[PDB]
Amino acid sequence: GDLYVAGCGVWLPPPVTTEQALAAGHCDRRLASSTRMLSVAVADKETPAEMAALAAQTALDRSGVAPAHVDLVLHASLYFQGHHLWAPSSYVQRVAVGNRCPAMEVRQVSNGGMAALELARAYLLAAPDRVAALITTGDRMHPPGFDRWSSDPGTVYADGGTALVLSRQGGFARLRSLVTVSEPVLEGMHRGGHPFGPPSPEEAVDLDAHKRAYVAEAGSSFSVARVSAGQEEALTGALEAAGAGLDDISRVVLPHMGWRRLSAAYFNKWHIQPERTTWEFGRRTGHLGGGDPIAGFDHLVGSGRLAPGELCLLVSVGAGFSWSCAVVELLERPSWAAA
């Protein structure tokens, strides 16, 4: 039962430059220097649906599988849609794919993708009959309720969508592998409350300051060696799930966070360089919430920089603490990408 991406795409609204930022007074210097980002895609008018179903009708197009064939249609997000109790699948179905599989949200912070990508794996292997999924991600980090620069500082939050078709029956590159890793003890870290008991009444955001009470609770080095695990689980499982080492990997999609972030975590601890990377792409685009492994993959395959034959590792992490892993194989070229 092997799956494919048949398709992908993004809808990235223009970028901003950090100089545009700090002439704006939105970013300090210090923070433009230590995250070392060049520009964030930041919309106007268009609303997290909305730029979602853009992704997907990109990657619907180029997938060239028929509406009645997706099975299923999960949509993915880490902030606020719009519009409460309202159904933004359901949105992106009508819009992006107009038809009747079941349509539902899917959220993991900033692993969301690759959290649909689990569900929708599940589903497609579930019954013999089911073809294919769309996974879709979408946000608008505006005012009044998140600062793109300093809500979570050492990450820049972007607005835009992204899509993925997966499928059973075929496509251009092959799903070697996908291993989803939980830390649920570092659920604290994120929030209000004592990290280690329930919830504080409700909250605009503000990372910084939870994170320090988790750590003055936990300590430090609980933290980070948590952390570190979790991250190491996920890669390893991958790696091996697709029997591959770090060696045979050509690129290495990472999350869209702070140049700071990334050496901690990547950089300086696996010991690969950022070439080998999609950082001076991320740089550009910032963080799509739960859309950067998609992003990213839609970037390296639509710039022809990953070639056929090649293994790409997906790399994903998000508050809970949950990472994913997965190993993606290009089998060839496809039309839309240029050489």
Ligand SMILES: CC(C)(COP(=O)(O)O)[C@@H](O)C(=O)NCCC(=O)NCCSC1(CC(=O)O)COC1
Given for the second form:
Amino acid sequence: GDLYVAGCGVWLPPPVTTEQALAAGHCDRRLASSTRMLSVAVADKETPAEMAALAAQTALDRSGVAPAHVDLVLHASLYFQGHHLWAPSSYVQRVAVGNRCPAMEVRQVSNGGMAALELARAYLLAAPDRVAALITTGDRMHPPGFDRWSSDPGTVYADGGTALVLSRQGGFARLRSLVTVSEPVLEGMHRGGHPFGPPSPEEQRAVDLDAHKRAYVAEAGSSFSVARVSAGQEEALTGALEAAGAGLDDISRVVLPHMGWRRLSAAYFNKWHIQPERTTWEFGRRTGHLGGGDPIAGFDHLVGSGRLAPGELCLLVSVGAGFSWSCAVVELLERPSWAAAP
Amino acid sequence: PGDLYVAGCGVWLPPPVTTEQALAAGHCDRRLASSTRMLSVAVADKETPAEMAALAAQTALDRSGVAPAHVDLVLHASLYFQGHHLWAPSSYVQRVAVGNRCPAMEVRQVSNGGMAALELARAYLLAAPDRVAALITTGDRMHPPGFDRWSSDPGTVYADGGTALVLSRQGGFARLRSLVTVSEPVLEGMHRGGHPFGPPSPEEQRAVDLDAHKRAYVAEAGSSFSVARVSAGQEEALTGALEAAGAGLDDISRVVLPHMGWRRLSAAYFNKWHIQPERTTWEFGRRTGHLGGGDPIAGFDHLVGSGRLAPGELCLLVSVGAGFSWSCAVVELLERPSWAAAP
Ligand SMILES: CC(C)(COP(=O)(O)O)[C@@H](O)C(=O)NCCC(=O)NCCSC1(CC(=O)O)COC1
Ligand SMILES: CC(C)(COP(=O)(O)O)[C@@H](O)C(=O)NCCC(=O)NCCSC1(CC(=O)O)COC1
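The form deposited with the named molecule bound is what I need now, so please give it after the form solved without the named molecule.
Starting with the chain above, the whole complex follows.
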């Protein structure tokens, strides 16, 4: 019944600094100041499945899991994967695993990685003989259909891949809890059309979330909008902590989404009263938002850098547009052979 | 004790466009009309994919009688653009059709997406002792800018519409006797640019053109290899599902096939398995078109609602998508639901 993290890894393209973004007029100084971002991973020619596959190779090698024991492949993403009517999950399988288990996509906007983890956990527990599952994420947020800095002001989107190997047999960390909360009444906040009617039939030029958020608040009211988002976040946090038998004071590290400083302050630092030094803030602000993969990149970072110690608890915090929230408590059991000692 | 049932199902299909009208507009030529033998395809005007999925889910949930509190998962499958980036179509389906707060997400596996979500839904319900039902939906809209319903993938004509199915552990009008999924990722490169066995090419900025990528894959990997590997996956899914249900093909009363053109179905199924078109959903699919990954649901819903399937009879669901992935399922009709015609 127990579930473990057997391996994890990332593939991040080289960073583009905020200074170089300012120089190119991709970012203004107000956004630079409000987000306090330092750099964002930006890919040149690598596409999403390629980057996911590269992360899966690292995660699988670190795990020591045989390909015959990978019983599910789930690839999560939030933006165009490059080729319509093509199966990026099958590319990840062919290149990174080389086996024949089911391989498919799971999507839940910036929460896709945790959504895939929920489905992976269920899949592994539904049959007594299953062993491990591979979860990957990958996205590429290029200039013609997406604006990395202002398509969704307050969050700077990154290119890159992440991967995690979940196992029933064992691993270096134990999953103590995972909870997902859904508040679909917020659905219309990220689309055109009436917030409570059907979606408008036209849009794919350049994502402009800011326009839709204001239209949603106008129709639903700021009071309602702020409250429901707050309530969803609180349900996921307290649900995960209660399921793990922990309180926030038992948590050593908090893996937060890689959003800008203003957003993280309002949602987490000034609400929960935690210090940034207890989170992945410094990592995320040089990385950027990796679509649905931030919890994986952040946990991988904490472990690989030795910032998390055996016996310590880690809290994964993730959120997506629907809205959907996931929180997980992960217990580090031992330092993996790939990790730096402090 | 582990058993799973179909409690409800439904579709929402926009008005049809006939092959004659397609011929007249120069969307279809006589050789394509003749090779596919399509009669019409469902075409949406202003309805978006999640809108159509939500309408189908309303019908399916109303038919099932399952309360929203017993819907413990919502999975929305699709194969083409859902209309809005960084937006959650699965949350729209939840808000409009369910009104609850269980997890809602997307599952995708090309033209096999509906059966893929069925696999994950089944695991989810079986992974915890108190779960009851799950809602599965599909929805797509294949419009002219980036897609040509008649020639983006010649030999299959793609439809607009939504489908929905309610899976339950408590009961239903049909029992899921078996469900198996087969994966051959070596065929992955057949549906993209680049190099079949290298990384994908940079972002596809044009109308979908699968014929180009299939020719490039066959040139590189060989026709003998491609045809054999595709044939082997289809045969594995078929015999796996039938063996898992304790049935042989002669025990199947009706086959729900994908809504491809006549030439593809003949080569894959009619001439291979020696089954009659009259035992399949051929007549239904040829007036509907390919509903992305919802065909098994639409075809099963058609068979049940029209009374062509009788209590005690077994039904075989057949699905395939690029990747490749294949799913087959055997479903036993337990009773005629009250919304179904008597034959
Ligand atoms: C949670 C709290 C911050 C609490 O606020 P108080 O301090 O006012 O109680 C809340 O009231 C709030 O507004 N949060 C920001 C959400 C919003 O309204 N619009 C943007 C939503 S974009 C997003 C995409 C991403 O992942 O980057 C999807 O979720 C993030
Ligand atoms: C299938 C078979 C005929 C079986 O082998 P036998 O010919 O010996 O029977 C085989 O010979 C064959 O043709 N291989 C060529 C590949 C091909 O065209 N794939 C379609 C690509 S889009 C598609 C989705 C859909 O439309 O639903 C994914 O599957 C259809």
